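Our next item is subunit A:
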Amino acid sequence: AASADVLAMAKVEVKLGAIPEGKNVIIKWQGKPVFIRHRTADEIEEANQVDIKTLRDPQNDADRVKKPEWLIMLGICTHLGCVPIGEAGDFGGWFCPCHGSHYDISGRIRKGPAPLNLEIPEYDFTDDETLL
Partner candidate 1 sequence: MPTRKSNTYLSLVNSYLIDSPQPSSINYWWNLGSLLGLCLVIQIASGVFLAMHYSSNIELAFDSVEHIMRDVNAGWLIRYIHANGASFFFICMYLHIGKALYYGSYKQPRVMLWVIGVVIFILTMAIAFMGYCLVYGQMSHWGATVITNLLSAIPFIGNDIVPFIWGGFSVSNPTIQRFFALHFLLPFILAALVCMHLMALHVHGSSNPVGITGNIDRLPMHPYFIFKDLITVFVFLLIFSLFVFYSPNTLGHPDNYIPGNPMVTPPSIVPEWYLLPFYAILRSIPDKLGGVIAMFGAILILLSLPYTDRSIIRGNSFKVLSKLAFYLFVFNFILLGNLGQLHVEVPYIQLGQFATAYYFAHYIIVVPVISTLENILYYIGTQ
Partner candidate 2 sequence: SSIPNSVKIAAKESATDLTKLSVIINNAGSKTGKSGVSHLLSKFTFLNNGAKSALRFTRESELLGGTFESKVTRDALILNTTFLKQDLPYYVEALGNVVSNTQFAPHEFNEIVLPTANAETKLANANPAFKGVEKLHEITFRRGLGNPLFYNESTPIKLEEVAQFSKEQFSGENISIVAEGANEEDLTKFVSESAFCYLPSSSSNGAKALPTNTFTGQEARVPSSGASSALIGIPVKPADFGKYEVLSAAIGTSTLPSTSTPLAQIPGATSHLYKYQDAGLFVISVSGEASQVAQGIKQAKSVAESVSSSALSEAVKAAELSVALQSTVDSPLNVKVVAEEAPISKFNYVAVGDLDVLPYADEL
Partner candidate 3 sequence: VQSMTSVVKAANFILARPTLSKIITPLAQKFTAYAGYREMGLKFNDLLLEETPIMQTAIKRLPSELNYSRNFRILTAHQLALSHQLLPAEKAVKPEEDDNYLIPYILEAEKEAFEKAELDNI
């Protein structure tokens, strides 16, 4: 089982001040990416309008984002891990480059091989910076 030294260090806090108001950054928690990002005003609004029913995946942006603008996404683009490309796909949000599948700004499996919307970690924000 995880040995104290590996077991601790799970928090992996990353400061959030550096990211652009709307940008995608990658944090290496749990030996995997946690493609984080702070939502752009237009992007945040576009998502609110988008219908969850329209997507085959049963997920919504409001449930996906704990803190409104600042939300956390796991790095694997597809249900089977696909290295996440940036700003590509059905909505121009991410490309599941491993299969060239399309990942939405939502992070859901918008198009291609992946089964579900990208898994969300514990996006807990303490004031200025957050820990996965």
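Following the convention adopted for this analysis, a residue touches a chain if its C-beta (ideal position, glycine included) is under 8 Å from a C-beta of that chain, and two chains touch if they have at least 3 such contacts; residues count from 1.
Picked so that all candidates are chains of the complex that A comes from, given by their letters.
**Student:** State which numbered option touches subunit A in this complex: 1, 2 or 3.
**Tutor:** Answer for subunit A: candidate 1.
**Student:** For subunit A, which residues are in contact with candidate 1 within the complex?
**Tutor:** Subunit A reaches candidate 1 through residues 1-3, 6-7, 10, 26, 28, 30-33, 75-76, 80-83, 97-99, 113.
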